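A single chain, nothing else alongside it, follows as C-alpha cells in the form deposited in one PDB entry.
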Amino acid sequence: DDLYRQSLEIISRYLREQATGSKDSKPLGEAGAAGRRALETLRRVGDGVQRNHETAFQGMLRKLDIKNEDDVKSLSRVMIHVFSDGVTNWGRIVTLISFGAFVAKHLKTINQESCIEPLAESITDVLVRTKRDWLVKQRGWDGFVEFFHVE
C-alpha cells in the first residue's frame, strides 16, 4: 500500500517536528519528491491553522483528555464523524492533521512521545483507508500541493 506508506511518512514527520520544534533534515524515504513538497506545504498551511484555532484546539483537547495510546482512538472516532456527511475536501483534511499536530505537541509536553507514532497512524488510517478513492482522484499528495499553492 504505497499510498498509505507515503501518507504516513508525511503526517508522521509533520507531527514529530511540531512536537519537538525541530525540522529533521532526514530525507523522505517513502515519498518520492512529491512528499517533500507536500511536507513543505503542510508546514505552511498546518502552522497557520494552528495559529488560527489554538484556543479552540486547547478546549477540544481538554474535553478529549488524550493522555496515552488507548486514547488516540478517540481522535479516530472524531475524524469519522467529521466526514459522516459524505463531503471531502483538503481544508477538512488539513484541519484534522493540524489538530493532530496540536495533540502531538501536548503529548510530548506530558512525557508521552511514544504515543505520537500511534496518533499519526490513526490519522493516516482514517484518511487513506476511508478516503482512498477520493485521494487517488485528486492525484494524492500532488493535488494537495496544487490546492494550497500560493500565488
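Rigid core here is just the name for the largest C-alpha set that superposes within 1.5 Å across the two forms. Numbering follows the first chain given and starts at 1. First, how it differs from the form deposited in another entry.
- Comparing the forms between the two forms on their rigid core, the Cα displacement of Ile110 stays under 2 Å.
- With the core superposed, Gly91 shows a C-alpha displacement below 2 Å between the two forms.
- Once the rigid core is used as the reference frame, the Cα position of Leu64 differs between the two forms by less than 2 Å.
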The other form holds:
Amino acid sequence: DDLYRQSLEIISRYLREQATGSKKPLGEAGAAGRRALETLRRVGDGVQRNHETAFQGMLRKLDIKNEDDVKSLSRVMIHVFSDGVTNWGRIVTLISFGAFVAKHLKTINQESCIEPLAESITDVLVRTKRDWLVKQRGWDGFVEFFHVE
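Given the form deposited in one PDB entry, corresponding form deposited in another entry:
Only a single chain is listed, so you will not see partners or other molecules.
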C-alpha cells in the first residue's frame, strides 16, 4: 500500500515536528514530499490557529491520557468526513487536529503515542478516502491545491 506508506511518512514527520518543535530527506516521497511537508506546515499552522478554540473544546471532552485513548480517537476522526464532504481543507483540518493532539501528548509525557496517532490518522484518511485521494493524484494534488505563485 504505497499511498498508505507515503501518507504516513508525511503525517508522522509533521506531527513529531509539531510536538517537539524540531524540523532529513523523505526516503519515499523525495524532493516532492519535502514540498508536501512544507505545504503542510504553512497551511496546517493557519488551520490550527483558526480552529484552536474548537480543538481545545474537543481535547477537553476527550480526556486523552494514554495509547488506549489515542486508539479510541478513530471513532471521532471519521466524523471530519461524515457530512459527505471531501476536500483538502477537511484533510488538513484532520491532520492539524492530529498535530494539536501530538503537542498535547508530548506535554503530558506520552510521546510514545504520537506514532500510533499518526497511524490512526493515516488509516482514517487512506482507508476511507482512497478513491478520492487517487482521483486527486494523492500528495501531488495536495501540493498543487495549496500552491502559492
